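What follows is a single chain, given as structure tokens, in the form deposited in one PDB entry.
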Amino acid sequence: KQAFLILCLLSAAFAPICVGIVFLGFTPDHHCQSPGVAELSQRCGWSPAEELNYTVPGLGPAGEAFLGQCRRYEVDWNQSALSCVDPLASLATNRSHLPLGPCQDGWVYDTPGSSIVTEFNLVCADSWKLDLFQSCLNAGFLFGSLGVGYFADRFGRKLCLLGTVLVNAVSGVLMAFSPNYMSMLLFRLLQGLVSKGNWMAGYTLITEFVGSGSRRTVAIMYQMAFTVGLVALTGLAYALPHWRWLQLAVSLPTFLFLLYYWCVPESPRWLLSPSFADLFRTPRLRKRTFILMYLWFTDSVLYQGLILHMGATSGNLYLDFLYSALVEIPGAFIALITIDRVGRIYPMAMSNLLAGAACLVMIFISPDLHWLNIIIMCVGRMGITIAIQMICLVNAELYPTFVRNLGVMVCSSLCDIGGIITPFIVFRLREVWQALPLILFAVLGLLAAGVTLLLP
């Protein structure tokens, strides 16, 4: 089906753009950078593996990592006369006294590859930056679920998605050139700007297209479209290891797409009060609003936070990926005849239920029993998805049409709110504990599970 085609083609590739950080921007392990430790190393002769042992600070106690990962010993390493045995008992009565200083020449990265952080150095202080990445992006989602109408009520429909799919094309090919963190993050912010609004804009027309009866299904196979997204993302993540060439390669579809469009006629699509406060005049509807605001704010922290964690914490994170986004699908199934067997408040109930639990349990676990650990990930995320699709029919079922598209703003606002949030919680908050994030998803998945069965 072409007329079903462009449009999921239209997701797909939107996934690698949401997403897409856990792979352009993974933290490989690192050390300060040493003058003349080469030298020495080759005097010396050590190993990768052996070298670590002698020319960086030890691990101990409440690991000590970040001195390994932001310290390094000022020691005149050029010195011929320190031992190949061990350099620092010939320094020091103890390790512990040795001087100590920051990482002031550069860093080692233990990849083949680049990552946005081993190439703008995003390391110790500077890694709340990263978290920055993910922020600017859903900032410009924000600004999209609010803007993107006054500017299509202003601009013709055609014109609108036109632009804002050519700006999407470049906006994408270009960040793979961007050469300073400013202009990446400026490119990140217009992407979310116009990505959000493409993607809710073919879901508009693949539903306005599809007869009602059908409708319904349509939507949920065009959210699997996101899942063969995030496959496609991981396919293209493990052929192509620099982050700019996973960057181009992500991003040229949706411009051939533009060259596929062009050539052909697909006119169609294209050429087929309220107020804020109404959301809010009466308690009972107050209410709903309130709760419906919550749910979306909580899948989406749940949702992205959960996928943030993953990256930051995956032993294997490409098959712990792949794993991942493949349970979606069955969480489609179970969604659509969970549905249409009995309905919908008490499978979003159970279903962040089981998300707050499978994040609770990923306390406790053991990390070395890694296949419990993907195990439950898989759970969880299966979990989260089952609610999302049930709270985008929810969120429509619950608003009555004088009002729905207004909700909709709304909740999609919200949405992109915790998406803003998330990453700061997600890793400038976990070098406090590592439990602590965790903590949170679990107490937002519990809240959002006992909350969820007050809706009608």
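Superpose the two forms; the largest set of C-alphas matching within 1.5 Å is the rigid core. Residue numbers count along the first chain shown, from 1. First, how it differs from the form deposited in another entry.
- Only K287, out of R71, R215, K287, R244, shows a C-alpha shift of 2 Å or more between these two forms on alignment of the rigid core.
- With the core held fixed, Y303 shows a CA shift of 2 Å or greater between these two forms.
- Here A449 counts as shifted, since its C-alpha moves by at least 2 Å between these two forms after the core is aligned.
- Annotation for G58: C-alpha shift of 2 angstroms or more between these two forms, rigid core superposed.
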Contents of the next structure:
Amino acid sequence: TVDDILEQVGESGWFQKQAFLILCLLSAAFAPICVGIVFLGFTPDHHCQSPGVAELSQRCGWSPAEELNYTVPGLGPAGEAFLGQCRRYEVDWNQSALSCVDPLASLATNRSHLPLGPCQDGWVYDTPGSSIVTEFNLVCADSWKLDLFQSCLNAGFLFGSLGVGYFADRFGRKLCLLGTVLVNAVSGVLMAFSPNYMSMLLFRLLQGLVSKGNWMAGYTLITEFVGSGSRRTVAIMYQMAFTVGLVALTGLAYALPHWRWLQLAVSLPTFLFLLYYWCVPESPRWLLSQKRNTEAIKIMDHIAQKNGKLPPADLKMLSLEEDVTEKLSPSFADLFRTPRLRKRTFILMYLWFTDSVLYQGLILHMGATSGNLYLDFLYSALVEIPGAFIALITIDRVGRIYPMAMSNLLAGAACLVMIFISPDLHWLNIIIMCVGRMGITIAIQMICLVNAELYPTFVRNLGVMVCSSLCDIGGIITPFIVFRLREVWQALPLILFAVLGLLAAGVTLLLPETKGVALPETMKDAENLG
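Return the structure block for the form deposited in another entry; the form deposited in one PDB entry was the one displayed.
Only a single chain is listed, so you will not see partners or other molecules.
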């Protein structure tokens, strides 16, 4: 009966726009946590630091180009670039060379007979700004610890997703928003003032613990607040905030080259939401799922007062249809109580894992697009807009199962097309990648809507975090899987991606259709889904 009161009081009102903006704020302050390693951990051109090279450079006044050419051993990178970015000339350069204009008097090739040692004086970087690998020297033998950032972030995602999902289900959406936003702000603030890498790793673990739960608790609140018809328009445009945050992250990263200033800049919307927190109330469906009737009635009265429309006479005694107890049972065994619910939970878990694996693979496989890193990130980020608009015009017309199925089938076909596509005519390969990424983004938005729609209110956050826990596992194992499979066969990850996409497209058809259906409230209501 919550939807009837929402319709009588007026859904998608001005207060709904205000709540939409202030809750989509999180979605804009969530991208630097997830994908901020692109700008906080970019690896510039580097080589070994030789004290004798600088003396000759100051003596002859050499320009940095030919000084770099005559200084590094590996002028030609040849892919690995270990001779340029790890090798140091053991022959001294402080003494006057035979010819300071590109000296080669060490040997016939000046590298074959001259011994090549590792870096001893540190590293230099050809960039006006700073980064993680710039500050902590993570380029030659410490390059594997750059991936530890994302690894700790995803492990925190998993663990804190489960924990914060249970916390949000038990103590409500508002208290979870308080806790996760506080820990996110603290974690960013001491991220930007971390002396060592271990402190950063611990704070990245904490950010992974709270950030995903914060984002999807806000998404769950903003989904439950609107009626049956505006769920599409709210849940699709909630990721417009993420896209806008991606664009703003790129712009502020171009504005601020140093990573500490970037973290200060991206830690600000969380504090400004802390300043503007009191403008959102709790979800009335969760309040009715806790036998707190008068708080939900007060929330409806406040919404009526803010919207300018008088509350109806039936707004009082707003209660559940068959409320018999507190309905406080957020359980991990609640999801697998029924064979139907266990089937849909396993389907959503496998679908989340497949979508995460496919998204990470499609992101990683295409990285040869040259130019600026900021322009590459803009091209990767702006491609989600037309597919999301295609979604926003196709959920209402078709539904929530067929667009997801087609999108997964299109992603699998695109993974099965670019394998047989020649390396020549790169424009076709780029547009095929773009089509596959478009379908993947549509499928991710569809599963984000469907996961939230197909669960009871008192199970919803915990059940989604259980279903979405396989995304972080896929994010962890995907780079290792693609690396070892690429070592085995040049195209084996592509066939595995196509197989996973085809099986995911086949699997999602067994999900119940939830087009034009109100959110379930009791245990029996979700058993009736589809």
